[PDB]
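Omission of a single protein chain aside, the complex is shown with its protein chains in their original locations.
The first chain written gets the first letter, and so on, giving A and B; residue counts start at 1 in each chain.
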Amino acid sequence: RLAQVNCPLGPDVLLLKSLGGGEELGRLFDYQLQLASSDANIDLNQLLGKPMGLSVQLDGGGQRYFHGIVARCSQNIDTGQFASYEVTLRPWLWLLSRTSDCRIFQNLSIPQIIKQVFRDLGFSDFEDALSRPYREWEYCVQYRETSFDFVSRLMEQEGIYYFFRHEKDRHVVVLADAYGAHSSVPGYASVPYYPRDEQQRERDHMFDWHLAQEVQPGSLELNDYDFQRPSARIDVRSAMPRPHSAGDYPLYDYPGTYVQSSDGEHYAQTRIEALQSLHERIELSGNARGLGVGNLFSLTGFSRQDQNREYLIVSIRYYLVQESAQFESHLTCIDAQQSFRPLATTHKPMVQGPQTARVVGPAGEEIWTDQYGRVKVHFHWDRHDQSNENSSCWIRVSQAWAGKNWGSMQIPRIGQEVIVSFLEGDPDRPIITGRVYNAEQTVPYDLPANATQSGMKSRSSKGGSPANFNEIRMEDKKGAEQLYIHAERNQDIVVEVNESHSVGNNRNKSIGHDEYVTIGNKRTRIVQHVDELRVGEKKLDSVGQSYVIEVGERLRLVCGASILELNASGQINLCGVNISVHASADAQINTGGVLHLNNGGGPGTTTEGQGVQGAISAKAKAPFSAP
Amino acid sequence: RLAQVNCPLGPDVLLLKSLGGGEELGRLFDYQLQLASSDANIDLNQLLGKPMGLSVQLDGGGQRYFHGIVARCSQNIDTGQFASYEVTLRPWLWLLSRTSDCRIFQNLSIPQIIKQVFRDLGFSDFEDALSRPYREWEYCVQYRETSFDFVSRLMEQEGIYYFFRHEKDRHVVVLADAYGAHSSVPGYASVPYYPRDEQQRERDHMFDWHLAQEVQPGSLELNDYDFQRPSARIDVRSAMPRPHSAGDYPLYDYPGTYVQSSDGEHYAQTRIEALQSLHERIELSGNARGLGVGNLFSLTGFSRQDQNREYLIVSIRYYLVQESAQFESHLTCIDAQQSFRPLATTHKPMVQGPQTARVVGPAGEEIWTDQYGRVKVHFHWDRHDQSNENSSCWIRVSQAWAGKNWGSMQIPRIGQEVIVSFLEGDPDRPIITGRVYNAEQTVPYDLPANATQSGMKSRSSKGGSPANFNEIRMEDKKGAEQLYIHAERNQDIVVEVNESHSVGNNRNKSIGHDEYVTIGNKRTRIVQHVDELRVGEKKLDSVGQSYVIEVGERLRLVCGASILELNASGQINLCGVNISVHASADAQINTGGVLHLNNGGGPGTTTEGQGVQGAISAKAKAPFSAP
Partner (left out) sequence: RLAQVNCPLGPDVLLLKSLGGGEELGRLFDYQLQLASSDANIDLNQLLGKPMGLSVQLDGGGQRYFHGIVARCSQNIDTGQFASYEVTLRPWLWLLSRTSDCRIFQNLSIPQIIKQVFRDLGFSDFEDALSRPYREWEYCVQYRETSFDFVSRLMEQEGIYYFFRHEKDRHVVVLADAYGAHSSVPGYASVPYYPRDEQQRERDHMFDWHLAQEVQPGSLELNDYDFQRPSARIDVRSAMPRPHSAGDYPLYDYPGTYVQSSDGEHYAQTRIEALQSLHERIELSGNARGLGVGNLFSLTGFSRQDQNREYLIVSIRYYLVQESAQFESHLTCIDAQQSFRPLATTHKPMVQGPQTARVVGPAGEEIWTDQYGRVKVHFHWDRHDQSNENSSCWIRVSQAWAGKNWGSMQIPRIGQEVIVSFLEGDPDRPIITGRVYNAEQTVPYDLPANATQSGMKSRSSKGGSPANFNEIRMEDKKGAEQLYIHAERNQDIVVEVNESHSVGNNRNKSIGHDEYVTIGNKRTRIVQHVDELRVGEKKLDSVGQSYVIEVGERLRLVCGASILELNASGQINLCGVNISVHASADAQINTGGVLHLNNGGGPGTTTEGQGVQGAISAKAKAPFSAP
């Protein structure tokens, strides 16, 4: 006879007064029940959220069901036996609009991602009709979004849609991506057309019809960059130009998240097919009780024979009114030979600016990175992942300069905070555009005083203490402008050609051990005034030819009391305490004057206290006394 | 009897034909008057924007008022005595949607911020019922927003709402945040229910009713980062789970502007309570002339005894039609035991990308910064603040590298332009992600020529001239690849272990004064071919043991004419002009040949012009002649 409700209160406690609402592929059904019951004092908290459905009799003894979730409950003034309620049914999938989070999914295909969302909320009542092997996303992010909003966006990108199968006590999100996911309802594989201007016909019929068509873009071209293939023409274009005029206007868009071109192809195909799904649609209305969204059904008895086609019900509106039945539906078909595809209804979240984030890596490591300088990151909004190498995509790091091998490298280390930023705000395409200090990652130089101290500083990777650092700090405090270069072990330097140094005043070089200097040709050292050398022991001058000492006033050789002296006045003192000249052959003396011996005119040696080892070692050790 | 208008034209000049519109908590009232007057030639500029109100008689001789601001004026075809006008009333607070600016508010609580907005526009007609001590925001920004849009967002974040008190000639924005701000209207503390199916009842009654309920999220969890507490679990969760099924679906969101966790708690509480305010609401309609938005009123005579409750009028629609009255209202209550809280209706402005901004600080300073390297900033859009240390929050600066103390520091100085950027686009959370040159902050190296000159440069902080700089510029112009390091005073260098230098050709080191070199063990200098030393005065070799000179061909000591010479052929010349050998004890000569004296075979001294002081000082001074 008529419709009866299937509900936890017992089908007899509630009986439908009317029905409203509708359905659409990839969009939540929405059914405004209106019903009456003998109790005005029904606790709506018992109804609300709970599963409720309808039994609608079909001819041939079939039944149709409209199971769903009570998202709104309401009651309205009516006679006491017939207290009126206006429950809205929604799918369990609608409850995913009642929850939000931020969560990262990695190395998962979107069918696997969605089923994680469903299964974590206990929503088991889903089913798979998908036919493509979908891409395994390296990294997906739910961000500032509901679980339904995220879910819908992912399907819309891949061009998945969903439609529902309704049982007595279950309603099932069937995931669908092809004609083959659709089915023809028994006995409604054809629906006749018979107008309301006929006498009221015995079966179910489409009573009204309105074909509609629209100009829709004939092609889409998509590009994305790939830093691993920056030369590669990732550009891919999909085309379904229509026969009609203006059927060829092309669209173009930039970053389809795809990176492999053969994935982007289908992102284009779906984005066009969704608009091609608008190029033709067919309104109908009628009594097709058996038919539902995503069902198929041939048309019969239509006058325009182009319309005697198999149709895909993209959307339905339903009406029932009932006595204690009149059934009506209003619906939009498309030609089943054109694949449906959902629009980008589900507006993506975009991060309208940068993020901060801890850098992370394996528990014992200090840096975790790859051949492009990417890093793993823990976002401060991520609740779910353990702040380790699994907590992000490999994220590229910007560098102050970067070229073909060459350029500046400043690899951010584990625990360092970074300024992330997304390739369009797209949470799925992070990139790092800065590093930043914080009360943990403290500043090198205490800044309210040392604000003038610029320059880099390091800290040895593995277990580096604050004292194990290279540095090139640079203070330009007026009256204290200091360069300070530090190597915590060694400072190699190479120059292919010429060094220079130019120092207005002083230099102190301390070599706490040993210096080698190897000169390939020449040295030339020049002093305006004074040199000193001091040596606590020995000096050797392996001069392979000539050593010429060109003194101007006094050479004074010394060793203790033994003293050779050359005055520029030509007086020589060779005087000592014992002497033993020797020659294997001749020896001589000559004078233009008169050599004589023991004259007593030379009274003594020219000892001046120089060369006394005690002082000389002391003067050579003088820099190296203990602190 | 009926309603009369209160207006500057005189209450008798305008008389109401009808009324429309409604009210809602935290949202502007909106009242479509329709009225008639004997003048069709009313200058609407006189009406428009001006304060106008209604007097509505209440039983017991009371009056109700609907004072407001004429936001729209209109006239429409009618009989001459009854020229018809369709004035819309809006609040004075609505005029804040007619003004926009950008302005920064700092160290102010949102109640103080709003009253600044009101008081600056002269809108004195506001009032305070707030009960919480609100957080003192360190920094708030009106940006790309109206004064109403900004105002509403701030209240919605704190979970403030407002409702109006209407006088004859004033209407007052009452700020409200608790049940206690509401009041019970005299004589309408209860309203009976009596249906239209009763005979027309003598008092004021609710004639219709529709309870409604919705599934709403049972909890919200909020996180924000804090660079001053980056380890701290700022995470805070608020929960109000419902008894019904699906009453526990949790929400999560990231950055609530809060930083202190106990502030974020109430941001969650309000965001849930606003949705809990949707979990139950009660439509009514009836003649409750006395009741208005934010009033309280018990219900009586309802059948379902759960409904005999105190109710909070969250919203009202009003109708009057009049003769020269029929009053109707349609309204939504909530149960007064549940706190109202406004939704996030007021979409926040987000800066969809970075900003430029001058750096600023105290008038005599050059850098103004804190222990984390934050700075004050003058935004180019800020009109109101004097480009000093008060013109911003302490803004963190990104650095090319940053770690635990260690890392690169590049503190931006006063007058320098920076690339700002916001933690989500949120103007209240700026951060700096770059520095940039401009025609004032000119580039170091004139770039159309010197594009190859890389590297840092400095300029002494206090009063540094362009010549007072450290530098490490780095040109890789092919055929001119130059390192250039400069210290405007001193270049300290340390190496914990080993230096190296490796120079393919030349080195020039000039020490314009004095060099000390202190070697803790050994030196070893080696020359393939030639050394020279020149000294304008003195050299000292304090060799504490042995000095051995190992010559291979000719030692030639000299001082003027005095010359000692050692040839490797074993010939020695010790010849001078005067000589005086001396010994305290013996002396000797020996020959295997035959010593004899004045042979005349040695004809002369070996003078070669070496050691003549005039040349030697000159050759040592030769580098140091005047330019």
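Simple rule for what comes next: contacts are C-beta pairs under 8 Å (C-beta built on N, C-alpha and C of every residue); 3 or more make two chains touch, one makes a residue touch a chain.
For the chain left out of this panel, the touching residue among A:13, A:130 or A:423 is A:423.
In this text, only the chains that are shown with their structure count from here on.
Averaged C-alpha coordinates put the centre of subunit A at 23 Å from the centre of subunit B.
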